[PDB]
Amino acid sequence: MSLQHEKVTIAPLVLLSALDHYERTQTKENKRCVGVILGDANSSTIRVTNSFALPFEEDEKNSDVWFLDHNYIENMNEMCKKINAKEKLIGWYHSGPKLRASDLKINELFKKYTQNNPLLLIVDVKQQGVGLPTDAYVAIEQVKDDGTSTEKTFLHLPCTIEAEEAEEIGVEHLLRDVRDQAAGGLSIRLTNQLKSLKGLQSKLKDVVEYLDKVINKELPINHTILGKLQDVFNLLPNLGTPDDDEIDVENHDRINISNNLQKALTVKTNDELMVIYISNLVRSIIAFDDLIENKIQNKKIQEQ
Amino acid sequence: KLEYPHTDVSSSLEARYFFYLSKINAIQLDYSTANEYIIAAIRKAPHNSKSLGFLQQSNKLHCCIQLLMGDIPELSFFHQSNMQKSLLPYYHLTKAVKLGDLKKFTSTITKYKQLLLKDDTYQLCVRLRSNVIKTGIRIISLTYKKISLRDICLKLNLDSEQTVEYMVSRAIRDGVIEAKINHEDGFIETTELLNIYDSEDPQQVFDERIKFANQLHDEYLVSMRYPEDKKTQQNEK
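Protein sequence lines correspond, in order, to chains A and B. Per the working numbering, residue 1 is the first one in the first sequence, and the count goes up by one each step. Per the working numbering, residue 1001 is the first one in the second sequence, and the count goes up by one each step.
These aren't lab readings, by the way, just hints derived from the structure by calculation. Be aware that a few hints might be false.
In silico EDC-like pairs for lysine to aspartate or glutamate, Cα to Cα no more than 20 Å straight-line [as the list claims (entries may be wrong)]:
1) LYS61/A x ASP103/A
2) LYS1231/B x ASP103/A
3) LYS1211/B x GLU1036/B
4) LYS295/A x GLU1036/B
5) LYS1230/B x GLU151/A
6) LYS1237/B x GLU293/A
7) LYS126/A x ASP146/A
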């Protein structure tokens, strides 16, 4: 297979075309649809260039009973190679909004079809998460904590958007909103700072409830999540160390640069005030000159 | 009751108000609040031979408010004054307080008693008697960090060890001198040790300046448009 597949670059086409597949088959209300994702691979950066529906069927009696059509897959590959020689099999999207354990079995089909570990792409089309509209997952095999076997699992990777050139042009054009975040003026970033804080708290909350549930409601102890928290606590700045004390001194120094900068604009303003009080002075002269001139024109009619 | 207006007010009119504010707050034993006003008063007022009276009296009051703090006016003030031959008892006030000498002070307010009493400034000159000692002990805190109680009593001409110790304690209740007494070893230790850029206070010092620059930013914008409404309505060719 392939080992390098670490970051997943995602065209803006992909999120919109998966969205369209869901609603143009009238699969809704958690009837899932499976389509392929084509693109390039065999390398760290994974580009999903194009996406298309496949035929799929699902059962609600046992959930590990399904139909996937292989014959359509064969025909798709033939057709699209000619369109672009940049579309080859790189995995499959799963339409979401959630990861199933049934997607573990469906994955073994796509692992056979293409010699790379196949990307599972969750396209959240129901958008109940404020972040992550795309999640990227590559199924891998690893030996699993608490004395347990080599188990099949899905490991999350970066699910980034960076966009293609092609894509950028339609994206900005359709856009006519001031964007969720753009980070332009000071107004946008003052909003952003406060948004970030709500952001930090929301992730952290779910973690509180995980630790509670290990010791009260017996979900199995996964030492990777406990270990990450150790690392979090060792990169936590401690007050009264030399590192923290420095932060305080630097705040005085940056605020000295700001103090001066605010005063250097009073100078700019002060130039304007004088230019307007000069302008007003000229309008005065103009006004008097006309009042004199009406007499000269009154006199000219009597004169002649 | 805070009912003074600021809409129709004038250069003279606001200079006058502040002078009243000075005079009240000084004699009420708060010289920081008094000094705030007097500086404002000189500032608003024009500088003319027709403003001479107003300026003349503003200067007289200013020196004493400052002397009462224990901070001293500079020699160039009086020297380059065209108003210097009426500020001559006031110049001697500056020198006498600074040099810390009890007997010069005594002579000054007795020699120039009619002068001080005419102008009504004689009452603030009484509290400047205290400042002779206070200013002299201050110089000593700057010049010497550790000094025996004995040496201090010779310098200002005081009788007992006990006398200096009553004076110094009161003086550092106000925080003028900036020391602490050690009558466990019989010397006075100076406590000024700086390290003010290593405190948390500097952010706070900049914040007031920033706030004053915002005040001019508002005052510019609102003022500018006020003649201009009328001026665009005014007839023109």
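Results of checking the hints against the structure:
Between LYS61/A and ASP103/A the CA atoms are separated by roughly 16 Å; this keeps the pair inside 20 Å, and the hint holds. Pair hint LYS1231/B plus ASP103/A does not hold up; C-alpha atoms about 76 Å apart against a cutoff of 20 Å. Distance hint between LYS1211/B and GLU1036/B is fulfilled; the C-alpha atoms sit about 18 Å from each other, no more than 20 Å. Simply put, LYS295/A and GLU1036/B have alpha-carbon atoms about 56 Å apart, too far for the 20 Å limit, and the pair is violated.
The hinted pair formed by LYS1230/B and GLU151/A fails the criterion: a straight-line CA distance of about 83 Å is larger than 20 Å. For the proposed pair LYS1237/B and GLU293/A, the alpha carbon gap of about 10 Å is at most 20 Å, so the pair holds. Restraint check for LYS126/A and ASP146/A: the C-alpha separation of about 35 Å exceeds 20 Å, so the hint is violated.
The structure shown violates the earlier hints numbered 2, 4, 5, 7.
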